[PDB]
Each structure stands twice: as C-alpha cells, then as structure tokens.
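Go by the hints and put chain B with the ligands onto chain A.
Letter by letter, the chains look like this.
Protein chains: 2
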Amino acid sequence: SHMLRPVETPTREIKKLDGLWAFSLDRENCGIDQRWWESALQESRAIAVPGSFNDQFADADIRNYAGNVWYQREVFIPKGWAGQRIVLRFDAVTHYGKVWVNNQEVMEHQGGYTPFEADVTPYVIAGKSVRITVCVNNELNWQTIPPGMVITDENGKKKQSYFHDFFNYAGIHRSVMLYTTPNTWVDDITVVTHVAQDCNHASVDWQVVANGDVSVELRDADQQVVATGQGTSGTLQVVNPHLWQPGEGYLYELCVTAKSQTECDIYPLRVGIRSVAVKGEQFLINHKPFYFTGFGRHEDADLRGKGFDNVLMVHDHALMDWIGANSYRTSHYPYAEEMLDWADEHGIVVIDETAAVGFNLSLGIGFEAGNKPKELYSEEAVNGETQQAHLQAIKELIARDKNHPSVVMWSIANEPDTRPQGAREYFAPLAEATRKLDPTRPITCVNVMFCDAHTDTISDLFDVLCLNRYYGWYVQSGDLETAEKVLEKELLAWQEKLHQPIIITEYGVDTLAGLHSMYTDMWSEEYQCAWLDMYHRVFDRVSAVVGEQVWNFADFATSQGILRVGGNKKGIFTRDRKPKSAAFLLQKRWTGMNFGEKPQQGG
Amino acid sequence: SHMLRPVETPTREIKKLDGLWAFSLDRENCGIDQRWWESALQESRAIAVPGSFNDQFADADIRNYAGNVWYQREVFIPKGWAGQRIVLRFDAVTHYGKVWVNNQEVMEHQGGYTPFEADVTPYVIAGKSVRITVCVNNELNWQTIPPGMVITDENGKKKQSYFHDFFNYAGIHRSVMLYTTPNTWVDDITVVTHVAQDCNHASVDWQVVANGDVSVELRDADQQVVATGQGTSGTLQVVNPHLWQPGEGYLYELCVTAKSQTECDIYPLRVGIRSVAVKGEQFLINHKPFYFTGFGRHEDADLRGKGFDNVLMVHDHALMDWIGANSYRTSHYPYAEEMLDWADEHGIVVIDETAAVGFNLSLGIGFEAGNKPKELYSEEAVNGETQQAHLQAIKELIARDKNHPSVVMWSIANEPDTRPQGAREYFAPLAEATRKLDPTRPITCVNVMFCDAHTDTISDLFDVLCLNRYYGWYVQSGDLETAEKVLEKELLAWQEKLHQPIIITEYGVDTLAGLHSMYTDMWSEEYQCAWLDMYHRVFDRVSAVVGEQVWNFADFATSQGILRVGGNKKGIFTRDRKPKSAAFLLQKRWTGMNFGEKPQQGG
Ligand SMILES: Cc1ccc2[nH]c(=O)c(CN(CCO)C(=O)Nc3ccccc3F)cc2c1
Ligand SMILES: Cc1ccc2[nH]c(=O)c(CN(CCO)C(=O)Nc3ccccc3F)cc2c1
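Keeping their order, the protein sequence lines are chains A and B.
The first sequence finishes on residue 601 if you use the entry's author numbering, and the numbering steps up by one all the way, no holes.
The second sequence finishes on residue 601 if you use the entry's author numbering, and the numbering steps up by one all the way, no holes.
Just to be clear, a hint being listed does not mean it is correct.
No copy is singled out in the list; a pair is fine if it fits within one copy or between any two copies.
Under the rule of at most 25 angstroms between Cα atoms (straight-line distance), these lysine to any residue pairs were calculated in the SDA-like manner [claimed, not checked]: (1) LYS77 to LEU15; (2) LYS13 to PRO266; (3) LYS14 to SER515; (4) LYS393 to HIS107; (5) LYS126 to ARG87; (6) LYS126 to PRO180; (7) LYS586 to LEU510.
To be clear, the hints were calculated from the coordinates, so they are not data collected in a lab.
This is chain A alone, in the form it adopts within the complex:
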C-alpha cells in the first residue's frame, strides 16, 4: 500500500507514542483463544513504548522470551476530529503485530522495521476513549525477513535461534500514532530529481490522490515558489538549483495539494535535488566522485534495545560529525525514518538496507551439531515464499524511503551464502524487481568474505560492490602482515572481475575498552588502531575502493556465545558512547581528507 510520513498541515497527530502501556506475556498462547483485546490486560505491568520489551525489566526470562506479548492502552480521540479520516499508524512493531481498536481488528503486519497503518474512522468516535490492543510476535522462520528457526524442546518451551549477529529485540520499537486527514487527501508521492552538470534541471512528480485534483509548487529554504505544476501522476519542474550536497544537504519543499469541490489537502514533502549514479569504479553524486566514510550502525542502546530515542540520535550524530563520518548503512534493517530525515537535513549519505540478513548457514560457531537444513536454497529453508517475503520487504522499504535524498543506494541483503546452487536463482529476480521499484538508485547486496571474487555467484547482478572483510581477525588472526597481502589481493580480484565501485561496508575488530597491550594484539585498543590503519593503507592503494564504513560505531548486544563477550565489541565507541582510542584515529583520517574525496595515495 501507499505510505507517507505524517506531518501536521491540514493533518494532525495525537502521538500516543506517549510512553506507558500495559504489558504481559502469553507463555501459554491462550491470548487469542481468550480474546484478550476485549478486556483490560489482566496481570499486566507498565512498559515504555517506543522501545524493546526485553531489557526494560532486568529479567532474563522476559528477555529471552519467544512467542506472543501484548501491549494495551486507552486513548482519547480529539473531539475536533469529528468528520475526518482518522488513521492509526505504527512506525514499527518488531516482526509481527495484530491490532484491535476495541474488539475490532484493524491491522496485521509481518516485518519489524517498516510502518503499517489503517483507516480506523468507522471504528472510532471523536471525543471518546478507545482500547488499543496490540499482539506482538517475535518469532522467526524460513519465510520471515530475517530468516530464523524457532526450536521447541521436549517440554514445548520454544527458543529462538537465528543466523544474524545482533540480539533479537522485539516489541514496539517506534512511535504509534493516531493521525488525521480530510476525506480528500494526498496519500502517495514520488519525486525523481534530475541534474545536468550542475546549472539546471527537473523533478518529475508522480502523485496519487485519494480523489482530488492535485496542484504542486516548489519552495526555497526561504520559502519562495521557484517552480509550479498542475495535474496528477505527471510533472517535470525546471530550476536553477541549490543542489542537495553531502556536506550541507540543501532542501527544497514540494507542497502537494488535493482539491475537492469542498475539501483541501496540503502535504509538504522535503525534496533534495541531487543525482546518484555509478560510472565505472566511481560513485558519482551530482556528477562528482564521492568517497564514503563512516559506520555500519545499529539500532541498539542500554535498556531500550532497538527502541528509538531522540537524545541517542542527537548524540550519535554529534559523534559521527565530530569523527568526520560522512555516511552510514542502516545495518540489517530499515532504521527509524527520523534518522533518514536527519540525514536529509544534514547532508548525510545513507546506504538503506533491508532486514534480509541471515541467508547463511555457514556463519556458525562450530561443534554444536545444531542441525540446520543442509540446503540453503530449498523448500525446507529459503524457498519461493521466502523470495516473496523478501520481495515484499524490498517493496515496503522502497515505498517508505524513495523520496529521501540521503538514500544513495539500496542494499537488498547482508552476507547471504552465494555458493550453493540456488543462490543466483533466488536473487536474480530480486535484483530485477528492485530496479523496477526504484530506477533512480544503484543497487547492492552486502558480500560475506568466504564468498570471495572466485566463488561468489551474485555480485554481477548489482551495481556497487559492498564487501564485509575481516582478514586479520576471523582469519589470519592477529597477523597484520599476511592479512594485508590477502586483503589487497582480494580487492584487486574484485576490481578486475566486475570493475564496479568497491565499498568496504564492514571492517573492524573486537576491542575491549581499557584493554591495553605493548604487544598490540587482538582484543586491545592498540590492535584496533593497528588493524584499521592497515586496512586504510590498502584502501588508498586500490582505486576501485570508493568507500570505507567501519564495522561498528558502537558495541551492541548479540545472542550469547563463545565469540561474543557480553555482545559484539567491534564498536569504535562503547555502548554508553564512550570512545575507544580508535575513535581518535578515525577522526584524524576522516577530518584530514578533503571532504568526500578519496586520498591521493598517501598523506
């Protein structure tokens, strides 16, 4: 369906992200049989909502819970919403959630990171109080988008196992909200920006009205009409542009309007006039070679898990600003739009990624049998339905983010095993579909290291080569000398094989804050510096390398294991955002370069 971020013009939001809701588990899964959405959640406890439910209660049982949980709260409908289209919207409900407005089911959704909404007008009376019950499921299987395997022992007690690194946090991670629109209302927009060697060109507009005549107009930062248009679906505006630039991110405003014989609708969409294209080994932005620096990030912090927070966001962007990072990838799932809005406004360049991580049965900490399917691409494991769900995930992401200028490329997935035979058969259609859905952005699929230049089967189907490389860590452990020979050899292989622009989208080493060593070995702050330093020497020798995104700006939680010391420690910053010495290393290299430009080969 159509998706537009709610703003407040003839429209209005009652946030209802207002924190406190009632909360209780369903350990027996009799919540639907007993119709819990019909009565006050019995035996419930307070919970904060935008957030993960796992960490809020310092309870291991609640944290490791698999299955259904229930949220609930009563809210008032603004009396002034008398005759309006009243919509209930969840910016995210991790993995699955079903919604009842007082014994009337309105929604159902299967993906944890994108919004779903429903017209609740016929089920809400303006000025009264309603009972909103959400049932949330945090289970993964071979058709869910991060694939997964829910294991159930002889006792019936379920247990979630997955193939990605980060912890499987669940719950309502983002805002829920009631919002208003007139019965004639803009409900879908699509803007393509074009540019021709930086003096003028056009923005195609494509508008889906909920039954109205649409007019449109483009406004400066100082709010003046620089262009104007009429008609529905089709338009091309022409300009003398202030281009959206990685540095500043100048934004115009396209004000879309929907007119009945009786009702108006005004929707302002921030627009960034910029071109994103690949030419050979280069990633051109506004027809200029751009060099990515920054992080693979995560949505993760103490207490709130993947729950959104404005302070966290403000702080992290201050940090990424200080350190000199010009980019990042929404590591492994669509991030909260607030992030993309920030990126739009501050000129931050983003690699937007689906939640499609886990395709791989070969990332294992060995020697626990842990029978996984023997065929990755097979009816048991990654099958036709999976491909659909995957396709669906791509659709829902693009539908949401197609208009963000900050997004400079789509990432279909992260580290699938591309060796097995069905790999190319599974991904080819997804690469073609993605291009259909958005023709205006280069496409990528993040590559795991054991599917190297000689064994990978998929990378030619994409535009930019995004590599996850750990030479000197998981392999050639603690050996910088040989890791460097391999890294550079593998990069040159990829260069000559595909002649695409290479971005190292992951490189980093677990590092204990405060672990110092004269011998500069693996888990020490000094090693993290020596490692990163070595990678950088290599990158500056390889012309096709067009980007470097360190594996993790900050330590994050993972599933328990012998590889993970209370989580992943590849953070440049700790989880409470305190900088390891590598932070200062990067700030020198990144602030030291000419902005958005690859280093001549040496200082």
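Okay, now just chain B with the ligands, sitting in the frame of chain A:
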C-alpha cells in the same frame, strides 16, 4: 498559584515533547536585546527535549557553558480547540526560563524542578502554527534554590560555582505541552485522607473552581460510586475503605466536576486512602510501625542528564522492586511527577525533597583559592531574599505533590550547615510555614555529619531525624572497627537527645565497578559490601532507627574534582544500571525481612 497534573477528557494535550527543537547558545548574552524570539534562531542545531542540553552534543564547551541558551519550536494548534482555554505548560525548565509565543512574552520562572503554565488563548489561533521560544538560564546565585556563585573572570565568559555534589545539568528536563480546557475549569484540588485503627474513615475534599458547582464522586478501582460529595467547598465522605498500603497501594478515583450553564469540566484525581504521623520513635503509615528501605536517588543517566525517560523509569523501578527497596527520596530536587504517579500506583513510599541543597560552606577539602562568603547566613550570602526564595520553593513543591499518597514526608533541605549564627533563626520560620502549607505529612531536614548531636542547632524543629553518615569513609577512613563504635555511639546520642524516629537518608561508599581486593579495602566491591553490612549491624541494634536508604541507587555525574572519579561512584548500580556485588547483598537483606518491618534486633 494553582497547579494540576493535566489529564484527558474535557481536556486534551498535544505533547510538545516531540523531540527535536531548534537550539543555540547565546555566548554574548545579546539574544534578549536582539529579540531572538522574533525570527528563527540562526546558527542553531537540533536538540531533543525532555533532557539536559549539556551532554547531547558530546562537547565540553557546551557541557560547562553557563548563561542563557535558547530553545525554539513551531507547532500547529488543533482545529478542535475551537474557542477554548489553551494552556502552555512546562513540567520543568531547569533553573530559569522565559517563554515567547511568536512575539508575546507569556511566561517567566525561577526554579528548575517544578512546573509552570499560562493561558495563551489571545496570542494563538486554532488551526494555525505558532512559534515557541524559550530562553533557558542555568546560572545560580545566593538567592537561588540550589544556591551558588557565578564568577565572570576578566574575560567576558562566566563560570559557575556551586556547593552540592551532583553536576549542574540544565535545559528542558521534562515534558512540555499545550493542554486545553473549557472556560469553566477546575484549577485546584486538595485532599486529606484520615484513617483510624484500620476499619473505616473519611476524606476532606476542598477545591477551587472558575465559577462551577462541583459534583465530587469517589470511586472504586472498579469505577463504582462508593461515596458522593456536594458543594464547591469541601466534604467528609465517611465510608469503610481499602487502605493504600506500601505493599500494593490500592487507589480510589475522586472525580471532580465543575459546572456552568454552558460548559462542564471533569477531572479525575488519584486518591490513596492513608494516614501518616510520628508517634514517639516510630513512623506510622496507617498506624503501623514501618521500616524504610531503599535509596537516595538522582535524576541522572547517560546522554540525557536529568531529562526524564520512561524506559529509564520502567527499568530502575524493576530494579528497586527486585532488590527490595520499599521507599526512596527525591534527592535534592523535586523529581518528575511520573515518579510519584508510579509510586502511588505501586505503593512506593516517597520522602519528597526540595532543591534546598548547598546551604553549607564547609563541604569539602578545598585546596582552592579563598573567597566564598564568611557568614553563611548574612546579606552577602543566605539572606532575606534567600529565605523567601526558599519558602517559595517549599510552596511550589507542595502545591504539586500535596495529593500524592506516596509522599509520606517533606524534606525541607539537605545538609545545611547549622553552626553559623543565623542557622536557627533561618530554618525556624520555614519549618513553621511548611506545616502551615501541609499539616498532613511530617517534615524533616536532612542532616550533615559535622553537625552531630552536640553541635546541630536545628533538629528539634522537625519531626523525623534524617541523617547522612559516612563514618567508614570521609572520617575513620577504611576502619570498620572504630567506625562502628562512632556510628552507634552517635546514633544512641541522637536517640536520647531528641527521641525521634531516625532514618539514615544517606549511607554509602565510592566503589569502582570491577575493583576487587582480598584485603577488602576502600573503593573495592568487597569493601562496599563489608561497609554496608557493618551499618546494618548497627541499625539492627538501635530501636530508634526506623529507616535506611543507601546513598545513591546508581553512579551519577558530579562537578570536576579530586574526590570524584569520573563522577560519584557511590552507586549500588553503575550508571548504565549494571549491579555491583553490593546489590545482591542488599537484595538478601531487603527482600529477606518481613515487609516494612525492622529485624528482631538481629536476624
Ligand atoms: C573466512 C570465514 C569462514 C567462516 C566464518 N564463520 C563465521 O561465523 C564468521 C563470523 N561471522 C562474521 C562474518 O563476517 C559472525 O558474524 N558470527 C557468528 C554469529 C553468531 C554465532 C556464531 C558465529 F560464528 C566468519 C567467518 C569467516
Ligand atoms: C566530618 C566531616 C568534615 C568535613 C567534610 N567535608 C566534606 O566535603 C565531606 C563530603 N561531602 C559529603 C558530606 O556528607 C560531600 O558531599 N562533598 C564534596 C562534593 C564536591 C566537592 C568536594 C567535596 F568535598 C564530608 C565531611 C565530613
């Protein structure tokens, strides 16, 4: 003035705590002169708002900034607030704030932990947007509630000095909002709940209205009318009840109804049926010998400072609950109301405290530079204005929390130096006025240790004896063997002198998380455990001691100094809420007792 916690039926809130305001510093203090509230803040940046401005940007020059900062924001006013009361309310603006609606100065407030509000109807138009500018000041001087001394050096820059331990966080710490009201509006309510010997008794209701007849109806949790009152002036509803007990905390809902011939105003007030008093050497909640357990706390956390957070609140309470804490103190300032709303609902007992802290001038080892007034109570320093401002502080807090059943006691001040001359003539009037503001709750002043039995001039004026003691820490450094003698010798010296209930409001020791020592010495977890043990042993032998609160629940930030290792480390939990070995020690002692019941000497 009149303060009511906004709730939602004939009233509606659009929370302006939509994080992301415009923010800037005014290092030239020329914003007021240049009328910054008239246009958009130039040289601004996004800031999340609830929460301190200090830490959001990982910047020292902003963290330590003293002077004025500016918050700005725009907000559409709801169409449905057609001809209604529109009230702009800030739950807190640390220290000072001046507010402008577009160009209209609508507000001004000194005090940082209590709300203020005003009617903005004439300056706002429903259906339109309005610009909101807030000038926030963090400066502290002698006539301020947290007293202090700002020193402008030869250069044009200010540098704040103060006398309390915790860091001087500032900014908009709590919810800000627009909330609506009919023109006939309840604007004040006061409730006193008398009980006697636990079979039955009534509640006086007394309230102020904007011209409306009041239908006062008391309700079950089940919404059944268990009593009814009549008349805009008060009542006595004498029925047999369900007591608000510390264990579970039952709650009645007294609905207050104001009426005009044209408009009707409904307001639900949470009412906890309980009595509180001092009887000899006992604290009697519902006529029961109680025993306080818990912490002295602080509004403090990573990144956000003293800014409120639902997750943080949900988690901390999960901890206190788990560890066995049945009570705590709003240490050194009025906390956000949510904390008390939560305490009411969960039967959490709460010693409410004013921001009166810093009244003392001998409070450290200063190696550093002379002049700091000579006479604490003197026109130089703590004087007429300062007793006024102090009174004003007692007023506002009580005007807000007089109806919170969790509040079982008022704390006038913290660690005042009561040896100088004016000490007794200063606190006597305030001690008198407080009871005159609320005679339903006992009152205390938290005592510093160098005012001890033979030297404190001011304890007799209060009902309960609250003592901060570090006998094994600041003095008798690391000698549990003598620290015991002194402590008991001291406690028994207090008992015989005043014959009041004794609560140790502060007892704890700095402890580096992860510092272990076979020698069980200072700043080691082992020591912290041994120290707290030693105290418990002494409490267990003084029949007068009715309450124990460990020093801080969690490590927090302080001003820079030799005694503060990256902040006060006296937390039982670290700042990110990870427990020190003392947590499990307290766990066993606290949950191990009978609820609200002192051990039988020993145990
Ligand atoms: C050349 C080669 C061959 C085999 C490999 N196998 C691996 O597992 C990994 C680690 N992998 C990171 C991959 O980039 C990870 O994320 N691991 C993980 C997570 C949860 C449980 C157990 C786990 F090992 C690297 C790897 C490299
Ligand atoms: C018997 C005696 C005599 C003199 C003393 N002087 C002190 O300072 C303290 C410490 N005090 C806690 C009081 O309970 C504190 O809060 N200190 C502080 C804070 C910031 C900077 C420097 C600082 F010393 C105790 C104390 C005891």
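Checklist entry - What hint numbers does the structure not satisfy? => result 3
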